[PDB]
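Colleague: Residue-level listing of the chains:
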Amino acid sequence: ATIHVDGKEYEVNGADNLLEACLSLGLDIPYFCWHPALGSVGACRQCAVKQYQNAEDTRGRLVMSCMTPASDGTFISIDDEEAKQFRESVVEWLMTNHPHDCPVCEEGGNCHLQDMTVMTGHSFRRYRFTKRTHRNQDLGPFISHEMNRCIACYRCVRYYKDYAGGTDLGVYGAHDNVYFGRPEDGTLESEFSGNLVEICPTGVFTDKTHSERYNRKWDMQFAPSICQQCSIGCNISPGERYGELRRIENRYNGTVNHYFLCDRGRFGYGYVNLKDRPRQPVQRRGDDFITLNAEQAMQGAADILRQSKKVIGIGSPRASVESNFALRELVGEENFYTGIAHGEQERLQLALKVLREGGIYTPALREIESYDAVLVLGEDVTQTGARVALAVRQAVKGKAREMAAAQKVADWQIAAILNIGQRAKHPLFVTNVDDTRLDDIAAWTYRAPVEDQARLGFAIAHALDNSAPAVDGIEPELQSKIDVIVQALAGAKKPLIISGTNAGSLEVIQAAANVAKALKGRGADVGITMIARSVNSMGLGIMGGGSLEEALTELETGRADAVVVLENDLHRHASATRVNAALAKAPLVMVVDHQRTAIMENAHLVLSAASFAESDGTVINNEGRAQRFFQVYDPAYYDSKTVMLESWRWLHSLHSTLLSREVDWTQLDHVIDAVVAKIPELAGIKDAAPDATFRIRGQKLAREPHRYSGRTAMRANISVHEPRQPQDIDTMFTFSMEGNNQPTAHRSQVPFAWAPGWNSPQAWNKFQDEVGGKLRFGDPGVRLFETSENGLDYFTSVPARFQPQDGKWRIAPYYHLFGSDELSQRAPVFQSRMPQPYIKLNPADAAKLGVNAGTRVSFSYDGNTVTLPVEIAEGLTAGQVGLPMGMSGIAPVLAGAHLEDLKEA
Amino acid sequence: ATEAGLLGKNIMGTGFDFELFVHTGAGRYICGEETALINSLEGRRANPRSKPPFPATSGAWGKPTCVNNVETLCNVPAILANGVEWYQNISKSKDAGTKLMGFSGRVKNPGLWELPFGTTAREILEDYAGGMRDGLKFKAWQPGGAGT
Amino acid sequence: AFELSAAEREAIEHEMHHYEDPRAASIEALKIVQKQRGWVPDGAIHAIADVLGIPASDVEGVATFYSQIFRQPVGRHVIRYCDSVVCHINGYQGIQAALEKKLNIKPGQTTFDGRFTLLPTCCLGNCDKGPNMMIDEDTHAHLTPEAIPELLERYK
Ligand SMILES: Cc1cc2nc3c(=O)[nH]c(=O)nc-3n(C[C@H](O)[C@H](O)[C@H](O)COP(=O)(O)O)c2cc1C
Ligand code: SF4
Ligand code: SF4
Ligand code: SF4
Ligand code: FES
Ligand code: FES
Ligand SMILES: [Ca+2]
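Line by line, the protein sequences are chains G, F and E.
Its first residue numbered 4, the first sequence is counted upward by one per residue in the authors' numbering.
Its first residue numbered 150, the second sequence is counted upward by one per residue in the authors' numbering.
Its first residue numbered 11, the third sequence is counted upward by one per residue in the authors' numbering.
Hints may be right or wrong, so weigh each one.
Unchecked claim - Listed next, the in silico DSS-like pairs over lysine-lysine satisfying Cα-Cα at most 27 Å (straight line):
#, chain 1, residue 1, chain 2, residue 2
1, F, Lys286, E, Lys41
2, G, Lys164, G, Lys523
3, G, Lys87, F, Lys212
4, G, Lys411, F, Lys212
5, G, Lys428, F, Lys212
6, F, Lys248, E, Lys41
7, G, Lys164, E, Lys139
8, G, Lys411, F, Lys200
9, F, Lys286, G, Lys402
10, F, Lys257, E, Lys139
As the list claims (entries may be wrong) - Computed beta-carbon distance windows for the label pairs:
#, chain 1, residue 1, chain 2, residue 2, range
11, E, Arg47, G, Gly189, 20 to 28 Å
12, E, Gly63, F, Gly174, 48 to 56 Å
13, E, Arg19, G, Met406, 33 to 41 Å
14, G, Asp475, F, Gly174, 53 to 61 Å
15, E, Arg47, G, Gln808, 49 to 57 Å
16, G, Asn139, E, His24, 49 to 57 Å
17, G, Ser92, F, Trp235, 27 to 35 Å
18, F, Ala230, E, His24, 52 to 60 Å
19, G, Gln808, F, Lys158, 55 to 63 Å
20, G, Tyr217, E, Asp146, 34 to 42 Å
21, E, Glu20, G, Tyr217, 36 to 44 Å
22, G, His178, E, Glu13, 29 to 37 Å
Stated by the list, open to error - Some but not every residue of chain E turned toward chain F, in silico, with C-beta under 10 Å:
#, residue
23, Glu38
24, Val72
25, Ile145
Honestly, the hints are just simulated from the structure, not real lab data.
We treat Cβ as the ideally placed atom computed from N, Cα and C, and that holds for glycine.
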């Protein structure tokens, strides 16, 4: 389409509204109520432009650019005097009741209302009357509520209700006393409630965790990083100040996590700031703990490694690709063991085989929102891969989108779309051991043991394609619901099958592969998604190696007398007694880790590794996307004695000191070149981000904003002499504001969004090619593998149905977004949000046990008797007992194990 | 009318089914706005809707909807029982038909009368409303309610 | 704390028969609870939300949007005097002064005995017979300030 803005001719998309079209052209129009992801409603009335009927029209008419289509031959004026006057008037009317709060408001310097007040040119108050005031609510540990600062733009309710699907936030009241909050005091229940701190253009909803240690946005040191709290790999902007990680902002990625995170990745960063972390290499000599610097730690470790016969290396899915590869090089490929259990590894490599050999294209997180039918098999997506649950919700609303497009209603007119598609939605079929959080929009939910979920998947595959193995013993009502699922999946243009390794069953993954293969055989545009457990689970799977059980066998048999444990606590993948005995048998245990784990008491050397904030590296998505994360800050800038290096740096120097008896603190690109030379299936990680020699017209990329304060005083209490700026030889980023962060720079890694006049998270519009699209020069990250030309075979290992046998209790895994992940549950703000340890029981099983809700039962697993209080679960099946995976004393490896002696304490 | 066969199923033997309900509101002026009337009928907060789409194509619960005033639907049966020519031949004005007009507020006879269009406000006020009360002088008037 | 009575639930379900979406019975359900108890209490929002299958946030937003759904406790009789322009011309202010001086309360308040709650309302649609008042269900027109102490004595 062709539009004329102030006499200048522009070529735009005719299916867009004028606000998004003009923001994509770099024109500045103030706006509040519109969001690129939420659509247009026309509430705030801020985005007024003046429209003319034709070129020879002078009087015009004020139209609202977010509710006006950018059609062909459009004539608008942004800089008309009447339009400018009305936009200033709208800002003024908002300012009539606004509190005098900017110095004591966490949004200050990051406030979209501040930006638009300045942009409209309103700085003179002529209102002399009183301001309305509001009481605040308690919204839990993460979100702080201040209703005085509200401008009634309805973005919070539109996001939280129409988009995120939450049910406990609403708008109450009338004319000018509208109140946005919960119906009563209490914790916000949605797993995506954290995105309110960036959706809300004012300081009503703010990060309480950041408000504890607040610093303004210009004072942050930002870096582009990847969230480490599950496998989805959402792009984040961690920002630090005075040597501690302060905030996790969302970093826009038009391919993965566009505007939104989940609450785990947004609020579980606090393990970085723990005071019991290793900050220096420590050697155990007798009962003494001798602190070493880097050189003598490497010398002592190298001498002990050289005098030993066999050295084994136990990696982790927490650690980066470079760190795991460095351990693999240090100990040898045949001596390298993945730190996960055998069953977890088998499920992980099956998921990898389905992804990169099954011939079915695995979608990105953004592309999930365009699929016409969703089948979720075994995976509690909301508790393990939450952003996939949000994308599934958008794909479910796709049906109302199609219905509204049939009536020639534009895509941005969200209220008309939601009105036309009243309760019609795309088919969603979830399976779990109990209820999920997707049941509100699920067309059907199947609560069954993992064997029965796998059997339902195999039966769906057999009904879609008869060449798939048949399932015997399907009940007639279950067969009718299977036929319902088959009619929904067969008629869909774009079906999507989601599964993962968290269900604890190989057969669930096989059934999901069978359903996807059966749908692909009918010519459907089927996609498959696998949810891995940790941030680098697929990277550790691609690298490969033995299981943790094999490493413990080597340690127990005495064939290995030296073990190097990289970023692994070893208790979440094996029994603690066996791990403790095997590590106590070894004459050298060396733990390279950044968190104080329980295996450091037996360790003879502890290398203080760096976390994601203090390190660079590469991690692989659950969809196989290689993504670089860069270091946020130098840990040694404030504490000079802190020796906290990257894990791959420690291990590469240990290998060099073992070989040639000299330390070698290498560079990151050297390690990446070693990875892509030795492991050809990881060759895509070279293109994940450019090397350390990348420049924007000769200058590095800035980590901190250009108005960074306190340069000559932030360290003055330690020494009045200003230290040297920290040198970053590893990446293209500089540890200063002497660098480039221009929105028109030819890069893809943006540490933070800021433009002159846009200090808010709305500054991301400048860094994108079109608003709500991708970044201007493409999103960061690269897929490791393409869709295979040829598929797999049908898996014919159909399990039998679940038989509840006496004395045994099948452990059904329950996952919690706050508690199942290890590092995030170590973060101190999560203990308030964490559930209490509750063991879930069927009413029939609890009645048989003589146990009611709340009383404490004792059960022995692996010779260890532990006691938990009983919660009644109606949705569970008899013979199963529910356990929260990843919590204290309950390893996630218990998923699928049996239980003994479940009796009342 | 339901008991007399004028409502329900198969009205007058035609086969037309029509069910009429009375929905009493809870007191907001904005509920009279037709899109906000639809929103209040759906059980939501009575915020209005942007048009287009108009309720004729996407109205109540997304279905086609026609919102009409009480007086328009009261005008309909006389039109269909006496004809079009009678309805255009009761007033020599561009607005056909009759309208309930009336003056209120410190007049001698405050009330409501059905008058053809084209009736001047002066003759309404003086003949039907009786003029103003004793010792009061006419200074202003609003022709059609509080919003005019 | 709050339990819906059987008659309330049956009335709500019978209202839910009339509509395509059960959310459309939210105003009528709130009015049913209010007619049974004088006002809609806090637990009634969750009870109505559970019956209708919609979130309590929307039920609370509907209850706080509409002025005749009382979300605070009221008196046994709710006097509602008209505020609007025609009753202003006809002199509602004398009626308001008479009501305040007889009940010893401001608008929006309840008397100490819980007998009356004084409320200003919008136009009552009775403008040719103003000034107008509405005690619980009865409309009283042609008001005079001397008729208030007699008209409030037939509402015990
Ligand atoms: C704020 C507002 C309030 C309105 N209130 C009413 C009302 O109470 N009754 C009514 O019939 N029309 C009301 N209308 C007009 C309606 O939008 C609509 O024109 C009318 O109800 C039906 O159209 P009709 O005149 O063809 O019957 C209101 C309009 C606005 C903007
Ligand atoms: S919301 Fe924005 S304008 Fe309002 S007090 Fe906070 S910083 Fe100032
Ligand atoms: S709380 Fe924030 S997002 Fe919600 S309406 Fe108010 S200003 Fe807008
Ligand atoms: S979905 Fe996973 S990767 Fe994304 S923010 Fe949440 S925990 Fe992090
Ligand atoms: S942004 Fe267009 S009216 Fe709010
Ligand atoms: S102005 Fe009071 S009844 Fe209309
Ligand atoms: Ca570095």
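Colleague: Determine which of the earlier numbered hints do not hold for this structure and return their numbers in increasing order.
Modeller: 1, 2, 3, 6, 7, 9, 12, 16, 17, 18, 20, 21 and 25
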